[PDB]
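Trainee: Chain residues, written in single-letter form:
There are 2 protein chains.
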Amino acid sequence: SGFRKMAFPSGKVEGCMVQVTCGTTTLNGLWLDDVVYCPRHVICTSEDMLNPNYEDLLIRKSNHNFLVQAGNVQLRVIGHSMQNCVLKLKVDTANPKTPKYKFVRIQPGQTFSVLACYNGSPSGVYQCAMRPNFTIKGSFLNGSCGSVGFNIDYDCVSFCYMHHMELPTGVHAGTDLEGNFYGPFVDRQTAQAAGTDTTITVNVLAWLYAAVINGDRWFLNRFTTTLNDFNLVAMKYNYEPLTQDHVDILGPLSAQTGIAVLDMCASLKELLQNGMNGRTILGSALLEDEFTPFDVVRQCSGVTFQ
Amino acid sequence: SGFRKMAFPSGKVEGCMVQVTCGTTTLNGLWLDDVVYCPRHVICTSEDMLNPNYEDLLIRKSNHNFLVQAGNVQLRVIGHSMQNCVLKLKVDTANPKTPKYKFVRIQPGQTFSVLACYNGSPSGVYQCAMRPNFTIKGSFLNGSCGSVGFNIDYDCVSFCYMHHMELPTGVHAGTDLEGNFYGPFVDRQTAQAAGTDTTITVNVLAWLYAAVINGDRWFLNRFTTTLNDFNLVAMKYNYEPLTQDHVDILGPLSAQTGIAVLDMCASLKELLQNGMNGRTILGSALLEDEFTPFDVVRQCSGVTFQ
Ligand SMILES: *CC(=O)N1CCN(Cc2cccc(Cl)c2)[C@H](CC(C)C)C1
Ligand SMILES: *CC(=O)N1CCN(Cc2cccc(Cl)c2)[C@H](CC(C)C)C1
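Chains A and A' supply the protein sequences, listed in that same order. A prime marks a further copy of an entry chain. Residue 94 in the entry's author numbering sits at position 94 of the first sequence, and the numbers go up by one each step. Residue 184 in the entry's author numbering sits at position 184 of the second sequence, and the numbers go up by one each step.
Since the hints were made in silico from the structure, they are not lab data. Heads up, some of the hints might be wrong.
Copies of one chain are not kept apart here, so a pair can be met inside one copy or by any two copies together.
[To be verified] Straight-line alpha carbon distances no greater than 20 angstroms define the calculated EDC-like cross-link-like pairs of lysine to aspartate or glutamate that follow:
{"id": "1", "residue 1": "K102", "residue 2": "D176"}
{"id": "2", "residue 1": "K137", "residue 2": "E288"}
{"id": "3", "residue 1": "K5", "residue 2": "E290"}
{"id": "4", "residue 1": "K90", "residue 2": "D248"}
{"id": "5", "residue 1": "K5", "residue 2": "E166"}
{"id": "6", "residue 1": "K5", "residue 2": "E288"}
{"id": "7", "residue 1": "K236", "residue 2": "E288"}
{"id": "8", "residue 1": "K97", "residue 2": "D33"}
{"id": "9", "residue 1": "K236", "residue 2": "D56"}
{"id": "10", "residue 1": "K90", "residue 2": "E55"}
{"id": "11", "residue 1": "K5", "residue 2": "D34"}
{"id": "12", "residue 1": "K100", "residue 2": "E270"}
{"id": "13", "residue 1": "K90", "residue 2": "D176"}
{"id": "14", "residue 1": "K137", "residue 2": "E166"}
{"id": "15", "residue 1": "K137", "residue 2": "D216"}
{"id": "16", "residue 1": "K100", "residue 2": "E55"}
{"id": "17", "residue 1": "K236", "residue 2": "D197"}
{"id": "18", "residue 1": "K269", "residue 2": "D48"}
Whole structure, please, built from the sequences with the hints as guidance.
Mentor: Written as structure tokens, this is what we have:
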């Protein structure tokens, strides 16, 4: 029993992190096969970030201007290209620890593990979710750029995030591994505002099912509700509207606990209106939305990986 | 910026997990050099656990009764011994991925990362703390026994915990790598009660310093207090008493934020008496005590490992 905010094992990702240095800027890179991926603002200076012309800046750089370093192994750049907001540095040596990887662009509400790195060296791992406003509430310092987010499907590593910048508000924004930003953000030092951050309702419901599995059942009430009447209350408290696809995903959790999804929605509706009365659920005084229904099933069944 | 419950990278530990099977019982083992460590109750059946005589049970076992499996590599046991509550299965092949390791027995209040495993395969990683009652609030299912807890000091892995059993109350108990249980627990299926679980005060203070670093300063008040008057209030709410050694550890955090330790204690005293007024600190509606002062300095400075 028990429930923890659990991250994936980072072993297969640690062997892919390298140190990228262009001039004076140094950040992290992802070494897969004979290609190194890194944020393109590594070619910028402290003064270029206010309004960078990346095309003009990249012209003044050649293959010998970039220095990729894998611990103590010195790599050599053969070709360089700019795919959207990431650089593709083609090197001579293929990474012998390249796992079965895959590039994926996740949707808001999904979760992934972040391997925070500095100077190409792993520092820590934590789990987080893509907020509805396409930001993440992570833990990043200067030099952590190039750190990647990922999921693991048995023997396959699914890279889905690369850290690019910290907003003036304290939240974090990045791209997929093809260089496309999550959200309307651009990689320049300017005031950029994120949208309203709402609560992932389908995740909260999965979290309540995990609570029933682990013994916390005080929030189970006598009432039921309709899908429209729940969304009417949910939108008042800035919650994502629940769809029929969300009910289908929660099917297995409903069958294991014997509690209908609409009955669980009625319990959540009463919690949103009356609060938590100073009590806790799974050791938390707030409603958590960083657990997808698949995360709950995975932790409550013991799913392993390669 | 940002603050997350961060675990250590698990790469160096993943390569040491093996599957141990004695008869019908199968759990996880730790393969370091040519020795495999695992809980000794792997030699028991479902009926032996009520009152096992491990010495008599181990006599009826030989070296060919244990089956250690490292993924797809079949190992062979040459000698077996029982050190307290763990088995030392001496094998023929030395683990080629054995890192610079070290066995340590942590004190209550310290934190470590847990690599939850099933059938010798890693499942997930999370950070937790040794409670004052020598239990941990983890996430373990059946078959997770043998999973280890660890810290990383640059290039050295410090193993400090091996999971042995789940109490009827839902909390978890285990041993160090020498087989000595943390707490007064014994490895048999009987009603065992843990002591009163108190709050690690020195950890809460370090967490409040992390909050000031990240912008949350609403809890900073006008008052100060004495070390005796704070402990008088702390013991009322089941908090660990603060010592002078705790003040010395919080020294660097005091110098970085410019806030005296006793001034931070006065803010905590008012929070314990008046509550949090429905507000949050670092996104939490409760006081967290699973961050040591070293954890805060590590995450707020960017400490990397090998
Ligand atoms: C992630 C990381 O290492 N950094 C975040 C900011 N980087 C520069 C920057 C500033 C403003 C906007 C953008 Cl898109 C990027 C920093 C890299 C070096 C120190 C210039 C650090
Ligand atoms: C950790 C783990 O795999 N298990 C916890 C309980 N194990 C048996 C048990 C029961 C009661 C007391 C003690 Cl010390 C140990 C289980 C191992 C097999 C299934 C017997 C599972």
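Trainee: At 20 angstroms max between alpha carbons, let me know whether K5 reaches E290 within a copy, between copies, both or neither.
Mentor: both (8 angstroms within a copy, 13 angstroms between copies)
Trainee: How do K137 and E166 come out at 20 angstroms by Cα distance, when the copy is not named: within, between, both, or neither?
Mentor: within (10 angstroms within a copy, 33 angstroms between copies)
Trainee: With identical chains treated as interchangeable, where does the CA-CA distance between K269 and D48 reach 20 angstroms or less: within a copy, between copies, both, or neither?
Mentor: neither (50 angstroms within a copy, 48 angstroms between copies)
Trainee: Should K97 paired with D33 be assigned to within, between, both, or neither, using CA atoms and 20 angstroms as the limit?
Mentor: within (9 angstroms within a copy, 23 angstroms between copies)
Trainee: I want to check one pair: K90 and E55. Are their C-alpha atoms no more than 20 angstroms apart within a copy, between two copies, both, or neither?
Mentor: within (18 angstroms within a copy, 61 angstroms between copies)
Trainee: Which holds for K90 with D176 at a C-alpha limit of 20 angstroms: within a copy, between copies, both or neither?
Mentor: So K90 and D176 pass the 20 angstroms test inside one copy only (19 angstroms; across, 47 angstroms).
Trainee: Is it within, between, both or neither when you check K137 against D216 at 20 angstroms Cα-Cα?
Mentor: Cα proximity of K137 and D216: across copies only (15 angstroms, versus 27 angstroms in one copy).
Trainee: How do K5 and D34 come out at 20 angstroms by Cα distance, when the copy is not named: within, between, both, or neither?
Mentor: Classified as neither: same-chain Cα gap 34 angstroms, cross-chain 34 angstroms, threshold 20 angstroms.
Trainee: First find the shortest C-alpha distance between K137 and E288 inside one copy, then the shortest across copies, and answer within, between, both or neither for a cut-off of 20 angstroms.
Mentor: both (13 angstroms within a copy, 18 angstroms between copies)
Trainee: Should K236 paired with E288 be assigned to within, between, both, or neither, using CA atoms and 20 angstroms as the limit?
Mentor: within (18 angstroms within a copy, 30 angstroms between copies)
Trainee: Check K5 against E288 for me: Cα-Cα at most 20 angstroms, and say if that holds within a copy, between copies, both or neither.
Mentor: both (10 angstroms within a copy, 14 angstroms between copies)
Trainee: Checking an output row: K100 and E270, CA cutoff 20 angstroms. Within, between, both or neither?
Mentor: Intra 46 angstroms, inter 53 angstroms, cutoff 20 angstroms: neither.
In summary, the numbered hints that this structure violates are 4, 9, 11, 12, 16, 18.
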